[PDB]
Amino acid sequence: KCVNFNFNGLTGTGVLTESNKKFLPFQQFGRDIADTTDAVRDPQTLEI
Amino acid sequence: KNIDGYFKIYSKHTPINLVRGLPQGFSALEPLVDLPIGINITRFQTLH
Amino acid sequence: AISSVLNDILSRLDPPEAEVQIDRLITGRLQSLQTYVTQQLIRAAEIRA
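Residue numbers (the deposited numbering), protein chains in the order written: chain R, 537 to 584; chain Z, 195 to 242; chain Y, 972 to 1020.
Check before you lean on any hint, since a few could be wrong.
Here are the computed distance ranges between Cβ atoms for each label pair [to be verified]:
#1 Z:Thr240 / R:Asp578: 35 to 45 Å
#2 Y:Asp994 / Z:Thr208: 47 to 57 Å
#3 R:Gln580 / Y:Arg1014: 44 to 54 Å
#4 Y:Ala1015 / R:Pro561: 47 to 57 Å
#5 R:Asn544 / Z:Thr236: 27 to 37 Å
Below, a list of computed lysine to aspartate or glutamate pairs in the DMTMM-like style, where the Cα atoms sit at most 25 Å apart [as the list claims (entries may be wrong)]:
#6 R:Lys557 / R:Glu583
#7 R:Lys558 / Z:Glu224
#8 R:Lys558 / Z:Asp228
#9 Z:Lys202 / R:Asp568
#10 R:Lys557 / Z:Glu224
#11 Z:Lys202 / R:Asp578
#12 R:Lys557 / R:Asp571
#13 R:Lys537 / Y:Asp979
#14 R:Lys558 / R:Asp571
#15 Z:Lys202 / R:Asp574
#16 R:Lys558 / R:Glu583
#17 Z:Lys202 / R:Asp571
#18 R:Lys557 / Z:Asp228
#19 R:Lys537 / R:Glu583
#20 R:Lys557 / R:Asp568
Sample of chain Z residues with no beta-carbon within 10 Å of chain R, all distances over it, derived [claimed, not checked]:
#21 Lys195
#22 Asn211
#23 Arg214
#24 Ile231
#25 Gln239
#26 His242
It should be emphasised that the hints constitute simulated quantities derived from the structure, not laboratory data.
The C-beta atom is built at its ideal place from N, Cα and C for all residues, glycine as well.
Model the full assembly from the supplied sequences, consistent with the hints where possible.
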């Protein structure tokens, strides 16, 4: 569903969905070519 | 490298055949541990 | 301005203070959007020709 979210200091509004994107262990977040919030990792559990 | 009080460590290991100088090749450095210490380090030495 | 993120400024500064930083973001984005439309009107004249 489309909700207001805050993850690791990154804020915005969008639908939260899982994916297979592989993130390096030190990377807690990632961005697109537009320099906006793209994909983040949950601090408590392991998910993309 | 020290970023505004943070130490970040890069580590990479690959097999090579070398005697003196450096071989021609390409490799990517993967980060290891980020240290949130904040100390200024003006010098270093070999302990080994 | 201080930052380009809107939610970063809104939850941070005061309503009277944020209007100064937001106005800098708006007026900067007004000319940039006006520049693109002006560029499209000029390029469309070459395509029409």
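Hint-by-hint comparison with the structure:
At roughly 42 Å, the beta-carbon separation of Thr240 (chain Z) and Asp578 (chain R) lies within the given 35 to 45 Å, and the hint holds. Remark: the range hint 47 to 57 Å for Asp994 (chain Y) to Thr208 (chain Z) is upheld by a beta-carbon distance near 54 Å. Range check, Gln580 (chain R) to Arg1014 (chain Y): about 51 Å between beta-carbon atoms, so the 44 to 54 Å window is met. The hinted range of 47 to 57 Å is satisfied by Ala1015 (chain Y) and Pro561 (chain R), whose Cβ atoms lie roughly 50 Å apart.
Between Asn544 (chain R) and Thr236 (chain Z), the C-beta spacing of about 33 Å keeps the proposed range 27 to 37 Å intact. Restraint check for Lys557 (chain R) and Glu583 (chain R): satisfied, since their Cα atoms lie roughly 10 Å apart, inside the 25 Å limit. The straight-line distance between the Cα atoms of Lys558 (chain R) and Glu224 (chain Z) is roughly 14 Å, inside the 25 Å bound, and the hint therefore holds. Under the criterion of a C-alpha separation no larger than 25 Å, the hint pairing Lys558 (chain R) with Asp228 (chain Z) is consistent with the structure, at around 20 Å.
For a cut-off of 25 Å, the pair hint linking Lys202 (chain Z) to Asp568 (chain R) stands: about 24 Å separates their Cα positions. Proposed proximity of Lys557 (chain R) and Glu224 (chain Z) is supported: the alpha carbons are some 18 Å apart, at most 25 Å. A hinted pair counts as satisfied when its Cα atoms are at most 25 Å apart, and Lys202 (chain Z) with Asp578 (chain R) qualifies at roughly 22 Å. About 18 Å separates the Cα atoms of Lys557 (chain R) and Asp571 (chain R), which keeps this hinted pair within 25 Å; it holds.
With a C-alpha separation of about 23 Å, the suggested pairing of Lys537 (chain R) with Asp979 (chain Y) holds against the 25 Å cut-off. Proximity of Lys558 (chain R) to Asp571 (chain R) is assessed by CA-CA distance (about 19 Å); at most 25 Å being required, the pair is judged to hold. With a C-alpha separation of about 24 Å, the suggested pair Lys202 (chain Z) and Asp574 (chain R) falls inside the 25 Å cut-off, and the hint holds. At most 25 Å may separate the alpha-carbon atoms for a hinted pair to count; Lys558 (chain R) and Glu583 (chain R) meet this at roughly 10 Å.
Distance check on the hinted pair: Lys202 (chain Z) and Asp571 (chain R) sit about 23 Å apart at the alpha-carbon level, within 25 Å; holds. This hinted pair checks out: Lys557 (chain R) and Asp228 (chain Z) have alpha carbons roughly 23 Å apart, not beyond 25 Å. For the proposed pair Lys537 (chain R) and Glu583 (chain R), the alpha carbon gap of about 17 Å is at most 25 Å, so the pair holds. A distance of roughly 13 Å separates the Cα atoms of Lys557 (chain R) and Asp568 (chain R); the hinted pair therefore holds under the 25 Å criterion.
Distance check on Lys195 (chain Z): its Cβ is at least 14 Å (rounded) from any Cβ of chain R, clearing the 10 Å threshold; non-interface status holds. Residue placement check: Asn211 (chain Z) keeps its beta carbon more than 10 Å from all beta carbons of chain R (closest about 29 Å). The Cβ of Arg214 (chain Z) sits about 34 Å from the closest Cβ of chain R, beyond the 10 Å cut-off, so the non-interface label holds. Non-interface status of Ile231 (chain Z) relative to chain R is upheld: no Cβ of that chain comes within 10 Å, the nearest being about 17 Å off.
The claim that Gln239 (chain Z) is not at the interface with chain R holds, since no C-beta of that chain comes within 10 Å of its own (minimum 28 Å). With a least CB separation of 27 Å from chain R, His242 (chain Z) remains clear of the 10 Å interface cut-off, as annotated.
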